[PDB]
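> So the chains spell out like this:
2 protein chains.
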Amino acid sequence: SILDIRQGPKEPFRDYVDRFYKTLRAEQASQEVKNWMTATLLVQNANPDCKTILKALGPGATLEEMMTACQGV
Amino acid sequence: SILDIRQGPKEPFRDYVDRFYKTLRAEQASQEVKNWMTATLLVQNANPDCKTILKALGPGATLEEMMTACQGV
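The listed protein sequences derive, respectively, from chains A and B.
The first sequence begins at 281 in UniProt numbering and counts up one residue at a time.
The second sequence begins at 281 in UniProt numbering and counts up one residue at a time.
There's no promise every hint is true.
[Unchecked claim] Pairwise CB distance ranges, derived in the manner of DEER restraints:
id : chain 1 : residue 1 : chain 2 : residue 2 : range
1  : B       : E291      : A       : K302      : 19 to 29 Å
2  : A       : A306      : B       : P292      : 34 to 44 Å
3  : B       : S281      : A       : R305      : 17 to 27 Å
4  : B       : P292      : A       : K302      : 10 to 20 Å
5  : B       : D329      : A       : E344      : 22 to 32 Å
6  : B       : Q351      : A       : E344      : 42 to 52 Å
7  : B       : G338      : A       : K302      : 29 to 39 Å
8  : B       : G340      : A       : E312      : 12 to 22 Å
9  : B       : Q351      : A       : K290      : 31 to 41 Å
10 : A       : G288      : B       : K331      : 18 to 28 Å
[Stated by the list, open to error] Pairs of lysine-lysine residues, derived as BS3-like cross-links and limited to a Cα-Cα distance of at most 30 Å, are as follows:
id : chain 1 : residue 1 : chain 2 : residue 2
11 : A       : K331      : A       : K290
12 : B       : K290      : A       : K331
13 : A       : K314      : A       : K302
14 : B       : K290      : A       : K302
15 : A       : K314      : A       : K331
16 : A       : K335      : A       : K290
17 : B       : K302      : A       : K335
18 : B       : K331      : A       : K314
19 : B       : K302      : B       : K314
20 : A       : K331      : A       : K302
21 : A       : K290      : B       : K302
22 : A       : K302      : A       : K335
23 : A       : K290      : B       : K290
24 : A       : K302      : B       : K314
25 : B       : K314      : A       : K335
These are computed hints drawn from the structure, not numbers from a lab.
Where a beta carbon is used, it is the ideal one built from N, C-alpha and C, also for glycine.
Isolated chain A, as found in the complex:
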């Protein structure tokens, strides 16, 4: 179901992040689960441009870092 949150081809990364975590909240994801989801699913469910940027940034990036790198495209 969080598996169904994929980023739109032109959706700003930031709006994709609200839906992702919004969906995680509804399912009462624990804090530990949000941390693992941030580094995995949030990345793989991003659009091809953000996906490439996030993979390039690498594991253990913070959300803020993820967002700075994906402002624009």
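Given the structure of chain A, go ahead and fit chain B onto it with the hints provided.
Okay, now just chain B, sitting in the frame of chain A:
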């Protein structure tokens, strides 16, 4: 890093499952984390045939059900 465990094009689902969980163990994934990982990453990192089958099975399938459906390939 579990992000980089993807299923080989001809690899049997089952062998992909041992690597997935093996990788999860090394990273000391909690039980709650394994359960979420089973339903998300295990599915998205499956090869195109398995991926289709697992999505068709849907959220909340057990691993055993995931495996029975992906026997054959």
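> Looking at the structure, which of the earlier hints fail to hold?
Checked against the structure, the hints that fail are numbers 1, 4, 5, 7, 14, 21, 23, while the rest are satisfied.
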